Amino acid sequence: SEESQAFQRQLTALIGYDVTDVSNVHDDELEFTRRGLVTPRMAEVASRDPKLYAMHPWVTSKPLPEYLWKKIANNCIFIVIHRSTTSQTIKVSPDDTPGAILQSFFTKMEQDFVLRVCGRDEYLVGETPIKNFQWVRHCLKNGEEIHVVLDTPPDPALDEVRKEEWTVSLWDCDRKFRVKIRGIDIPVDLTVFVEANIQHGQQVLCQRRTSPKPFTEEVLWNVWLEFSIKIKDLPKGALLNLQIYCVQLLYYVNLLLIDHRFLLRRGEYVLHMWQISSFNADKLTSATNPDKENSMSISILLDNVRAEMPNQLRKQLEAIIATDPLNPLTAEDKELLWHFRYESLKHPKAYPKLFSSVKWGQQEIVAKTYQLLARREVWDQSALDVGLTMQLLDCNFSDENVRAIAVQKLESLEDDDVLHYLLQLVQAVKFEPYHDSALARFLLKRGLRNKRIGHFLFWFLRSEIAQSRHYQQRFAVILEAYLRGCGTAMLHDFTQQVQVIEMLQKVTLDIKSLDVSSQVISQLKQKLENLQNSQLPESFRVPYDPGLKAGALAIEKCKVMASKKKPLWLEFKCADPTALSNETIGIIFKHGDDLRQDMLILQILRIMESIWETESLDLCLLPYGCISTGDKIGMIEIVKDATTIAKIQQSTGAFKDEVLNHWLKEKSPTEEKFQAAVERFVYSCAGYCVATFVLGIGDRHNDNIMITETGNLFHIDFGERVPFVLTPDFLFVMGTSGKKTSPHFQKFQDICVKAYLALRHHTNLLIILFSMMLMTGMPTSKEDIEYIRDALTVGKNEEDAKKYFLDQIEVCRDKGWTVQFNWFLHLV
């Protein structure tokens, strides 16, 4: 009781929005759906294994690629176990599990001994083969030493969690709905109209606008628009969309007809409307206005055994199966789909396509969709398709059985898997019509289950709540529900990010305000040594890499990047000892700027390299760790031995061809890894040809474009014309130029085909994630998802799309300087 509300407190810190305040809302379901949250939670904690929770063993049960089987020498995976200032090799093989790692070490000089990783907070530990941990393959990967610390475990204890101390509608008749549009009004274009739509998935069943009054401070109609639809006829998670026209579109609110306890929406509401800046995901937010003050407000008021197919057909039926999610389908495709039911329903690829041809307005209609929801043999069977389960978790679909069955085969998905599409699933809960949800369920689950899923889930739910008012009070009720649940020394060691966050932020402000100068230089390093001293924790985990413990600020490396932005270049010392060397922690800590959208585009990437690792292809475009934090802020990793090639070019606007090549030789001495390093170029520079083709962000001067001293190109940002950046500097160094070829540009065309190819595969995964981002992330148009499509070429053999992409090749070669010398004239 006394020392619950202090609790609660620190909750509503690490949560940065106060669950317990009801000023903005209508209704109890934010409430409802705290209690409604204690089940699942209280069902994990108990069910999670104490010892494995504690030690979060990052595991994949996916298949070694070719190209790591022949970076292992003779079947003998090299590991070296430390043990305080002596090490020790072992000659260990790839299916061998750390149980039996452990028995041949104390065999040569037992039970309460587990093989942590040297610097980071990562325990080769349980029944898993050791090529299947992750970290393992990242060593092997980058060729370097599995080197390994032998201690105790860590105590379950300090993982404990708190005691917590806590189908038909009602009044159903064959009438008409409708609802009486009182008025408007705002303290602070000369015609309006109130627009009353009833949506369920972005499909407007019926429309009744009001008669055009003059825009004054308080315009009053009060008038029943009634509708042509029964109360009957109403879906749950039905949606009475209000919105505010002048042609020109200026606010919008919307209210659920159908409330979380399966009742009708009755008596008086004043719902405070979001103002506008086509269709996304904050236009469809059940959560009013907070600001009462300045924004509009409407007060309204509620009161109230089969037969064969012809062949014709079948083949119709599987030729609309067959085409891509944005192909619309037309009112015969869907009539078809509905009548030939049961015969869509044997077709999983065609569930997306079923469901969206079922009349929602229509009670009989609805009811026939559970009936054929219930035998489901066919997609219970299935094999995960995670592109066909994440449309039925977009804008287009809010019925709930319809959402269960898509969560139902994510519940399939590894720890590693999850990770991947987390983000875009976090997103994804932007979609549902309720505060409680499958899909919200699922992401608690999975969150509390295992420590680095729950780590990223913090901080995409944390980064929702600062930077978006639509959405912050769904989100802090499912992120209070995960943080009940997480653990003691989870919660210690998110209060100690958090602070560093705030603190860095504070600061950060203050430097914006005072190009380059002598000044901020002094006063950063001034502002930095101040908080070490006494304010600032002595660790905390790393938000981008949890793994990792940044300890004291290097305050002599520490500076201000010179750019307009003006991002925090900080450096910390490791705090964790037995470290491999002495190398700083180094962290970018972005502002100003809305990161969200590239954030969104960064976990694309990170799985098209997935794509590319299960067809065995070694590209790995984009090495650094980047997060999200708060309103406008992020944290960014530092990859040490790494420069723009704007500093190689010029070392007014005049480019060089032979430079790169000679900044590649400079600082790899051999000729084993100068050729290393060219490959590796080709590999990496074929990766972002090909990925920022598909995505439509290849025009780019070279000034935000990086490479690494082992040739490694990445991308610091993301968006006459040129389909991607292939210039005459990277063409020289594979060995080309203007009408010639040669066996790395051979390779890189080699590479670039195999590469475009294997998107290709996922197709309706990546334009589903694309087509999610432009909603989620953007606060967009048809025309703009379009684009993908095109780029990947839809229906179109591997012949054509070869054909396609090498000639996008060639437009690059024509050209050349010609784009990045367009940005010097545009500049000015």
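By rigid core we mean the largest C-alpha set that fits within 1.5 Å across both forms. Positions refer to the first chain, counted from 1. First, how it differs from the form deposited in another entry.
Here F7 does not count as shifted, since its C-alpha moves by less than 2 Å between the two forms after the core is aligned.
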Contents of the next structure:
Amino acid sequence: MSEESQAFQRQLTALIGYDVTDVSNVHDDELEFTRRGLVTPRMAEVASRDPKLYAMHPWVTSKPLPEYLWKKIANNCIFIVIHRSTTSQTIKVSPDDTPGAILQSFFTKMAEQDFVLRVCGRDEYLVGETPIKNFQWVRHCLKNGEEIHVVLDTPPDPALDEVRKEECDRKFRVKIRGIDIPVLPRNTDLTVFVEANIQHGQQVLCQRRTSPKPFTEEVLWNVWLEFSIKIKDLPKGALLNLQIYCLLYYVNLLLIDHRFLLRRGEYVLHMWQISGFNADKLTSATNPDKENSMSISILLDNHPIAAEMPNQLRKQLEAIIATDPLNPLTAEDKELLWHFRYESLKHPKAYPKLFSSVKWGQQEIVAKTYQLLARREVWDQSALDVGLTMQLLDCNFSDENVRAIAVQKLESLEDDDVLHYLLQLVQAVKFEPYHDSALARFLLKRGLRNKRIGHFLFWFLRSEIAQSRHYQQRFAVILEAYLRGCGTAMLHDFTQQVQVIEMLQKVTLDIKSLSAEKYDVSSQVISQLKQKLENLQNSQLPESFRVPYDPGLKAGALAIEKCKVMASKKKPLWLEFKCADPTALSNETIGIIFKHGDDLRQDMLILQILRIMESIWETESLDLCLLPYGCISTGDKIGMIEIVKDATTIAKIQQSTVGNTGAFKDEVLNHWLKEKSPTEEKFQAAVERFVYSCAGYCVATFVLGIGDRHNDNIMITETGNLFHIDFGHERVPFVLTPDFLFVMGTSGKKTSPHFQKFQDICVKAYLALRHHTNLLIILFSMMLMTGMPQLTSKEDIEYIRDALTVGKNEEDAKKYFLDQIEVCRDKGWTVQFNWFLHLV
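If the one shown is the form deposited in one PDB entry, what is the structure of the form deposited in another entry?
Below you will find a single chain and nothing else.
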């Protein structure tokens, strides 16, 4: 290859954080096959993208303006402040006017046609034929009561986005030779056997075990395990799952490879150890630590191509379909869906149940299933249902044709909605049997098609590549595919970002292992901090970089005087940058907190579900005033977090008035709000914001089953906006403490106008969510699988069914939630006080 060609690939590696030309852990060529296979989709999308629009990446939505944002326009007139040449002028614009038309009524109001409208201080643009009201930035301004400020400048040059050119009827059987681990303690004596499963979509087709034996550094069987199922009957994407029990180790092996070939030969598989069920148990990858890991040795020696329902049965069938996603299917249930297959096809909500009713261990039956998909008319014409689509992409479906129809239905998503679900789609890639998938190809295209999506795709993929041995190989290949298509402008941006984040990660760890647990910091700890940051500033760190959680904002130089270390346990950095954009309205800095560590992946998963819950309320015209702060995971137990300005912790508001207890005063919160309000009109508005945002997080947390939290984890702004934080960690349903209630004008057993408004808001919010029950359930279950440790599929998930009061009616549901509120009144400060004792 060329001298430049190798330096480029070395640049890719630095961005990816994994070398995809490095073949150290693989038993086949699938990863290299997939690199080639992604070239066409990549190239297809680069070719179809408009250079101008790709360069300006307008952030837009086809959804209608909510009632709460219509009420903020009372004259049918929106005001845009344009800035040019040190002179600024307000202008009256109609909500239906396009950017090109308002620019028209600009040059008119004077008494050359190549200027674009950019937001001041941000990398946002208003352009294309869209109504100004359909621009996100505009809607964001109307919601927070912000004036819309826009500067007139030159469109960014599409030249900068340029892309470099490309250069048997036999029963299946497996011999278990044995298992070898380099070392073991002595011991104590225990017993070990091997369990071989044939798995397709977590359904077990066949199972065979070995005879238990004494656990020693090498254990031999050399026995053939003959299964019932025939070689010809193996479905594509079926896993041979090998597990050792005493459950200690597991490893997976794809039985049919990426070329449709049956797997054959000797295999020495290095397995994964269980930590003293989860998407990591599905992985076809083998443990990269080849020296210290348990391994299993097996042998494979053994090609594909190439009447109306009666009424009472119809009701049982419909009852099946009505149930939630995670309700289990009996055998009779399954046989009903399968026999009545043609009826089931007329009910898009039955697709997940019907496809779990397929016997995938039988080739004739799989064959029928494909014929069934052949007439897709009803599925193709149906309204897009995201939660339904999401069910076909989870761990219960390994068939590429089933999964592909889900992806077909994704194709109709506007960028706005792809952002909403991006994180969850990226995680779903883990459930893909093969590295090259319709879903993987769909993430590629959407990312290549739009810079905002592309930006987040990059960080989502990079997070997993950095902390996951299970999926990093497959993600790294998809990221490389993305990077070769995004343009050199974006390659440059990413390169600037990565250099900064890694340097600051180095520092984050270097301070953390200069410090202990308060006690505590410490002038010395803060001196070493500034010292290290001084060495980076000069020299050398990048002049500027995009903020990974807010790609609109460009960060400038550190402000080293305001940087510091946080008094907490984990000793996170508090960093502040100047904004690099000189057209920015204010002088405010950009705060960022670097933390090691909790798991910031759990925070990302929750914040995303939180933004989903918001959009659900937006369709019903509800505004619960949530605050999903930017949070990105960088590496194992490490990442960045957006600093929310003028915000404090509820705990810190109690210890200002009181000290290092623990003795919680009811009036404190309300005094803090009043003290922090410049006028009384802003304090009333703040009490209003706190009623909605409190109602918002009570309902949201109760459903996600995270409702029981310490006051250190809750925050509030000076404008009254309450928000939960740190999601990577007697009882209570959620947190409504006497101090929250006091702000609502309630001391226990007393109702008030603000507290009645609260209950009313909670119920409306809660009942709106219940209409989305399937969606929330699938999202929730996916989060557990992809984001938490090994959990119980059966009991942990079940919480949210109770939380969402499945099967009940809006009357019982309204009662149920109201009771929960009462439970919080009766507990008062008791759970809170106990949390304080558990961290003392």
